[PDB]
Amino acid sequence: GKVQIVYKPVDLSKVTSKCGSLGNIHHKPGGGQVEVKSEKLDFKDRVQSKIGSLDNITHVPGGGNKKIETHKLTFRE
């Protein structure tokens, strides 16, 4: 006999923003100091690392809106 499986979700969603103006932004942090002392670094299978990092970031996207959706039909997993 018939097996009928229908996966048909409808998506009419909206993610939105309306901004009149995005101002005066001043990213002026005082000068940072980073000091890392080590004797030996020994890395093997799939290790990932950041050592002694000083990052200054000003992002300010004006939208910066995001949508994430995952649709899945699965029989064994």
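Shifts are known only where both forms have a C-alpha. By rigid core we mean the largest C-alpha set that fits within 1.5 Å across both forms. Residue numbers count along the first chain shown, from 1. First, how it differs from the form deposited in another entry.
- After superposition on the rigid core, the Cα of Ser53 moves by 2 Å or more between the two forms.
- Core-superposed comparison between the two forms: one run of at least three consecutive shared residues with Cα shifts of 2 Å or more is located, at 29-53.
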Given for the second form:
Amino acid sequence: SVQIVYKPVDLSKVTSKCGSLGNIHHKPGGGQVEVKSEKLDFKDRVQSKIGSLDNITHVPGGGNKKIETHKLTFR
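Having seen the form deposited in one PDB entry, please provide the structure of the form deposited in another entry.
We keep it simple here and write out only the one chain, dropping partners and molecules.
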């Protein structure tokens, strides 16, 4: 015979305090950008990205994160 008891406990806390947030600046790609092409052969798929792309500014007033996994597995 088998007896399995799984009764974990958690009273934990994750916390922050901040007095103020501000005066934050992000300026990607201020210079001039220039592209020239002549006499090219492509016999297969092409992708191109030119300029100011995919840039992020992220300013959360907290931004705390908790991750928890439980995983019983049996035969």
